[PDB]
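There is one chain below, alone, in structure tokens, taken in the form deposited in one PDB entry.
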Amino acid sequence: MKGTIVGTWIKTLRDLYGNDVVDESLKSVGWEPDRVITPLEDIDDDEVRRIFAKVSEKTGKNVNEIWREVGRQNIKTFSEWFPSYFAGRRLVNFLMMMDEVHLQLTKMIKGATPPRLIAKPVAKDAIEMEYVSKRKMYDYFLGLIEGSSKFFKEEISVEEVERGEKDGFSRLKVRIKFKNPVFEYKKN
């Protein structure tokens, strides 16, 4: 997992559960609370799993519940650490921009396997976003969408269209409907 993104999760975990829980979890994997992750660093996915596992044991919360809360609260962290991706944009533009963003930030990473997040208009007031990844982080995905709604102050409804797993890849397709139209028909 791209290092600087893991850095945001650590900060978000501190907001949710405290410096003690987090410091203890990082210590269990040999980290240093004051460690500064660089833009070119890649953090082993298994290390992230162990960190979250420790948070789970310390807080007594299910790992999936933690990922959901981290997704919900991480949008705020992103807004502070990567302000340029926000800056006055509207929720729909933000969401449709994510697929390209993930490809960009993992361009020069060791093996590079970013989640695909293709979004496409399906109505004047809705889009279909499909999560595709070997990691199956459905809860984080759904939480980030909820948090995006809260951050941008734009009410939405999220309906699961379908989910599946094939050849190692997990897929989750949701239909996001906005309260007000965000698209108009234009000649193709």
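Residue numbers count along the first chain shown, from 1. What we label the rigid core is the largest C-alpha set whose atoms superpose within 1.5 Å from one form to the other. First, how it differs from the form deposited in another entry.
With a cut-off of 2 Å and the rigid core superposed, residue 109 has a Cα displacement that reaches or exceeds the cut-off between these two forms. Core-aligned CA deviation for residue 37 between these two forms: 2 Å or greater.
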Given for the second form:
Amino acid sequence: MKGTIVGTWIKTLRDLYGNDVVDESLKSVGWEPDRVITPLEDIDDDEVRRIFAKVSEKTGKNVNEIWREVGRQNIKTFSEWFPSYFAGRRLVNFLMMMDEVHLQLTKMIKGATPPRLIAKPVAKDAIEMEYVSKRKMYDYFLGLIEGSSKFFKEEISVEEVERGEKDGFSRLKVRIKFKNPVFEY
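The form deposited in another entry is what I need now, so please give it after the form deposited in one PDB entry.
Lone chain follows.
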């Protein structure tokens, strides 16, 4: 993973779980407890895995639960560190532009490999988004969507429609129903 995202993760983990849990989790993979991760670093995905496993152990929450909570909370961190992506007025448009935003990160950040997040309108009050990745971060993905709902203060129902691996790719399709219709009345 690139340094820019992992940096946000450390902050988010501190905010959720406190400094003791995070210091000790970082230490467990050989890092200084107060490590500051900078945007251009390449961070070993397996070291991230092991950090989260230690967070899981110390909190008594399973790893999938941690990723879900981190996805939810990381939206706040994003809104603070990268507010330009959050100047829009509607959750629906934010979600619809995510695939493009991540494609642009790829082109503008050496070595970045974010997932595809293709999203299309499917009904007056719903869109579909499909997570497609060589990685497998289903709970993180779901949590980010939930976190986005919270930031925009817009109620949604996220229905998981498909999940599975095919030809090297993890894929998760959701149908996102908005309490208030998205179409123009």
